[PDB]
Amino acid sequence: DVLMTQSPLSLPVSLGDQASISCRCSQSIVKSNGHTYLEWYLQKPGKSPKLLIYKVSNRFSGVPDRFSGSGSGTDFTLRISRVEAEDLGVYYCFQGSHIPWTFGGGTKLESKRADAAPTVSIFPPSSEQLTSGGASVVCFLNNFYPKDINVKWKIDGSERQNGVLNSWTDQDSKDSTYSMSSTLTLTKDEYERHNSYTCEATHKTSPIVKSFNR
Amino acid sequence: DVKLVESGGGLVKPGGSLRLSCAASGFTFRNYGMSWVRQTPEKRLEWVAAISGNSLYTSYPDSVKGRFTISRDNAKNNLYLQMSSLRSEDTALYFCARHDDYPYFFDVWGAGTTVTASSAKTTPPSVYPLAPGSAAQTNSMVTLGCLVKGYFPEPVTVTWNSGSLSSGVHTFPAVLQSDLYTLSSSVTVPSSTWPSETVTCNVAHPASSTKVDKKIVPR
Numbered sequence: 009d010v011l012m013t014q015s016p017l018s019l020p021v022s023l024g025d026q027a028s029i030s031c032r033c034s035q036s037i038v039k040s041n042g043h044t045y046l047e048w049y050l051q052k053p054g055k056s057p058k059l060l061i062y063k064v065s066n067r068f069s070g071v072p073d074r075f076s077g078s079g080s081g082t083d084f085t086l087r088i089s090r091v092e093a094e095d096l097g098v099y100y101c102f103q104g105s106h107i108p109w110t111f112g113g114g115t116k117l118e119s120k121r122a123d124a125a126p127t128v129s130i131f132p133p134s135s136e137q138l139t140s141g142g143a144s145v146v147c148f149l150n151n152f153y154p155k156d157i158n159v160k161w162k163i164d165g166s167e168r169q170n171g172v173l174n175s176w177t178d179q180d181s182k183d184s185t186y187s188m189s190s191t192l193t194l195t196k197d198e199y200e201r202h203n204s205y206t207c208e209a210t211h212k213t214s215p216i217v218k219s220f221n222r
Numbered sequence: 002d003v004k005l006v007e008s009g010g011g012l013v014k015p016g017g018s019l020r021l022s023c024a025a026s027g028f029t030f031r032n033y034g035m036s037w038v039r040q041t042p043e044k045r046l047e048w049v050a051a052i053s054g055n056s057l058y059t060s061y062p063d064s065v066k067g068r069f070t071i072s073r074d075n076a077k078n079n080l081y082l083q084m085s086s087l088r089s090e091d092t093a094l095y096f097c098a099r100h101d102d103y104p105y106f107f108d109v110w111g112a113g114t115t116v117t118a119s120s121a122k123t124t125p126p127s128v129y130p131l132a133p134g135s136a137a138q139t140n141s142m143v144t145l146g147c148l149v150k151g152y153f154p155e156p157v158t159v160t161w162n163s164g165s166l167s168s169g170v171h172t173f174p175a176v177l178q179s180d181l182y183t184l185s186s187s188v189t190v191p192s193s194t195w196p197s198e199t200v201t202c203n204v205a206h207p208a209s210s211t212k213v214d215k216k217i218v219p220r
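Residue numbers (the numbering used here), protein chains in the order written: chain S, 9 to 222; chain X, 2 to 220.
Here chain X stands alone, though its shape is the one from the complex:
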């Protein structure tokens, strides 16, 4: 009900520029100070800019002074962040957050918008099936996977059997490879279930407008 919705995030070559928006509803935006706070990939929180309800006051930490400009348009209930001369250090999830000007710092935060500063190019994933073969031999449960390799930027979504297979799934955080991401997902089912009923991973990469389905077949 009291809500903040960030938009505008994306991927920029270093040196580039980008504008974020934070849409406020459920409160008199004009009475509230607002800040942007980013969360780095390593999960540190860093306050990056503040603006008073009346725009008469703004401030920034030294790390972003000259490159970020916070502003707002009260009549449109929007907060903005103009980011320029972006650096690799600016890659983070950017939250907008309220603080009354009329106590309760950041009682309300948005869901965040992601900014990635990189000359890495948007690349669709390769999706590889992970099936047993010989090895052993066999038990009551079987573990299968999908290896989702060589994509950029994050994220990728992974489901199994379009989401009907939800229990016994582990999808692992992606790691950087050579300027590209790799992740894997595992699913454990009853041995009486596979290979007799199908197991298929569904991988989506919104950034490259790709979806890949891979049925796990025995070797």
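Pulled out of the complex, with its shape left as it was, chain S reads as follows:
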């Protein structure tokens, strides 16, 4: 099977600047009439993939001039000469030359901005939740940049790892920031045995700390 390896995996760029995405095949994708059926697709998170480039280097209907495709042999390149907000999303290469037709793994085109520290908010378990016998402590780390941030939980002054689940938003279309939710789930009994609950955001040193006492 033709393996399509896409680099980089993520590509921050300042709007108005150039972006380059590469796709390499594990074997030839030339067909017998001498043509190569390498396509590029753009997907946004609320969208289906849309065809942008076909046969290595051709813009599809309505694709503007800033998109260009090149390549030879086994290495292929999608270039965007002046990246616009509407261009951000996940790009995939694809070869339709040999069954099974295969896709590259995707490249997330993201926009740059100024660094921003997170706004951190901590919330205790609700009365409702304690009635089911569970206790989740929730920490939001909102509107930061860049996307890399670490959350650390402490219970009565000491690190807690177990029971933590994290989730991140896609990059915010309007302000180019990221947000993260971190949830520490305990039993009601384990929660009732301790007093101080703290969420700490680093990198970013030193941390942004939010706490409450049960």
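Read the hints as simulated data drawn from the structure, not as lab findings. Incorrect hints may have been included.
Unchecked claim - No farther apart than 20 angstroms at their CA atoms in a straight line, the calculated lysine to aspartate or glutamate pairs in the EDC-like style are these:
hint, chain 1, residue 1, chain 2, residue 2
1, X, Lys-14, X, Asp-180
2, X, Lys-66, X, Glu-90
3, S, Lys-63, X, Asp-101
4, S, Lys-116, X, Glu-43
5, S, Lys-58, X, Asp-180
6, S, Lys-218, S, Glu-167
7, S, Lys-116, S, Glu-136
8, X, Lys-215, S, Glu-136
9, S, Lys-55, X, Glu-155
10, S, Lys-116, X, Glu-47
11, S, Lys-162, S, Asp-197
12, X, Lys-44, S, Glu-92
13, X, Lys-216, S, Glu-136
14, S, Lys-116, S, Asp-156
15, S, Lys-52, X, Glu-43
16, S, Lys-218, S, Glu-208
17, S, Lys-58, X, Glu-47
18, X, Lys-44, S, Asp-95
19, S, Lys-120, S, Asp-180
20, S, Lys-55, X, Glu-43
Here the structure of chain S is known, so what remains is to put chain X in place on it, guided by the hints.
Using the frame of chain S, we list chain X on its own:
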């Protein structure tokens, strides 16, 4: 105008069977080859089946050979995918996509239909309010949330004040817990707005025919 509409998706116990439909309009369906392409939860795209306009040619990758059967009924402008002996690996968003037989691979894709292979049972969410209390103390903006826990399958929709509160909202991707999903949503309003005007999250889970409203009250 040229349009593909998938239907038929759902949730199946592993080993189970399921049939997807793709309804074509705005073009002579008979002249076009068609494929199904799925997108995994991790967002990889995987071509899964092809059929020629005349049905004389079909093909599949090895991962689905014997279990999926692609077919079409040109007279009803429909493409189908019969899925059998479903595996956990088949969980994905399934798109139908056009490719002319008479160049432009997949110039038109449908919106997708979701298939979930699992013995997890349809379970309604618990919805818990996220309010401050003591802590600090106070500022110009206040952040509130709702913790939507223990539901299956995806998705859940979350709004605030029935959709009139739309700015300053973050609703986070759900994560798997113990065979169940959890998500949270945050909303940030002016401190002069809450607790004096109401803030309420509205959570819907179509799969369990449930809607839950939770007013955020101060502790």
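Verification of the hints:
1. X/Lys-14 / X/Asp-180: Holds, at roughly 13 angstroms.
2. X/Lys-66 / X/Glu-90: The hint holds at about 14 angstroms.
3. S/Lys-63 / X/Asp-101: 15 angstroms, holds
4. S/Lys-116 / X/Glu-43: Between S/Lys-116 and X/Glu-43 the Cα gap is close to 13 angstroms, so the pair holds against 20 angstroms.
5. S/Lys-58 / X/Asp-180: 33 angstroms, violated
6. S/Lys-218 / S/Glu-167: Holds, at roughly 14 angstroms.
7. S/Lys-116 / S/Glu-136: Roughly 40 angstroms separates the two Cα atoms, so the pair is violated.
8. X/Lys-215 / S/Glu-136: Holds - the C-alpha atoms of S/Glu-136 and X/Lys-215 are around 11 angstroms apart, at most 20 angstroms.
9. S/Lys-55 / X/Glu-155: With a Cα-Cα distance of about 18 angstroms, the restraint between S/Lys-55 and X/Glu-155 holds, given a limit of 20 angstroms.
10. S/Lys-116 / X/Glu-47: With Cα atoms ~18 angstroms apart, S/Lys-116 and X/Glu-47 stay inside 20 angstroms; holds.
11. S/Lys-162 / S/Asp-197: 17 angstroms, holds
12. X/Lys-44 / S/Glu-92: 23 angstroms, violated
13. X/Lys-216 / S/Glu-136: Roughly 13 angstroms between the alpha carbons, so the hint for X/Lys-216 and S/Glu-136 holds.
14. S/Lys-116 / S/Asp-156: Judged against 20 angstroms, a Cα distance of about 15 angstroms means the pair holds.
15. S/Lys-52 / X/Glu-43: Distance of about 15 angstroms is within 20 angstroms: holds.
16. S/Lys-218 / S/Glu-208: 6 angstroms, holds
17. S/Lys-58 / X/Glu-47: At roughly 15 angstroms apart (the allowed maximum being 20 angstroms), X/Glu-47 and S/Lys-58 satisfy the hint.
18. X/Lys-44 / S/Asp-95: 18 angstroms, holds
19. S/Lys-120 / S/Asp-180: 12 angstroms, holds
20. S/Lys-55 / X/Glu-43: Measuring from Cα to Cα gives roughly 16 angstroms; hence the hint holds.
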